[PDB]
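Notes to accompany the following structure.
Some chains have been omitted; the remaining ones sit where they do in the full complex.
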Amino acid sequence: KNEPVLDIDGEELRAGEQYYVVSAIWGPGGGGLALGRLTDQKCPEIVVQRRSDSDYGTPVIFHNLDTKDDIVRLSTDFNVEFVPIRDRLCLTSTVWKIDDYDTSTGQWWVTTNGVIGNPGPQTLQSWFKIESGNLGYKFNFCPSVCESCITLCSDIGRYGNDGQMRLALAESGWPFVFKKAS
Amino acid sequence: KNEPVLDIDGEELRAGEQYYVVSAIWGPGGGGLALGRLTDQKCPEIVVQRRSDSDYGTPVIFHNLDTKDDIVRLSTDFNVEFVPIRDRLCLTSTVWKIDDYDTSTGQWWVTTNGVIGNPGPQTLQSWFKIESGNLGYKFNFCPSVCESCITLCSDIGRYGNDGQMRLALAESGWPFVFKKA
């Protein structure tokens, strides 16, 4: 019964529909998110952002906890799934999942090879939330799918990693907006 | 009088029972089968494979030809239905059917909006077999409900399309196993 997420058109987000995730801050805040690849890892891909603010990157589909509700709502666990237009360099999934700890960088990366559905301990790292706290719109990884589980619980922001703007768990979240692909 | 189809626990598949159909090839081979959709088509949904080795996708149920036989057995026509709860179905069934020839890709696709029961020409595109082949079980479309009919016949393999892994008719079938739900 939560408040709907809204795209730039004022329209409430629909699960299954494709949306560009674009920086709410343009200029040096960059453009949209898309799939990139690391130098020491060709697969699975990683969530990156384009330097150009005219680039909206790769759209995503949101998969609900209970898909009986087709409205994407705030502070609710869901799966974010990149839906690329290019051919797949990788045979692993393009679903967002929280990586394990990166001892070389000190940040929890947001990466691919996540899971659609199966809420519970097996998929704890595949569930994300959208909020609007002190930002335009932010991603928060704090899955409530498993009440006996212990999970990380914090905002999701951007950090520089080897020439790419990557997404990592951060205290100071980063603001986004949603755009119907059409 | 054929031999039954077994699941991961060694227990034969039951018609009416729920089973995850998971690729016997892990890693790059992806995992279980589930339901997806195309950019230009919202319904009926399409049969896809989740790419992660830790998600089994969507469970299925088997309907035998004879509704009285409870055992799922090899080299015999059956109905396969997904059993999801997504309310994004535009009332189309969850039963596997063979699509008509896709002129764009040159492949015969596997889809939904098939029919349970009613063996005959009407449900021709909805009847599937499981063959052992060489690896774990492979799916095969070769309906035997209409002797008078001209149907395609070949194994079922996997092929890429629109950023999703899909099921099509081919000679080299793709292997799968079954995990009880």
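For reference, chains read A and B in written order, and residue numbers begin at 1 within each chain.
The criterion applied here is as follows: contacts are C-beta pairs under 8 Å (C-beta built on N, C-alpha and C of every residue); 3 or more make two chains touch, one makes a residue touch a chain.
Sequence-identical chains in the complete complex of this entry number 3, based on the file rather than the 2 shown.
Convention: only the chains that are shown with their structure count from here on.
Averaged C-alpha coordinates put the centre of subunit A at 32 Å from the centre of subunit B.
Subunit B contributes residues 28-30, 34, 37, 39, 42, 50-52, 54-56, 58, 84-88, 160, 163, 165 to its touches with subunit A in the complex. Listing the residues of subunit A that touch subunit B in their complex gives 15-16, 18, 66-68, 70, 83-85, 87-88, 91-95, 113-118, 122-123.
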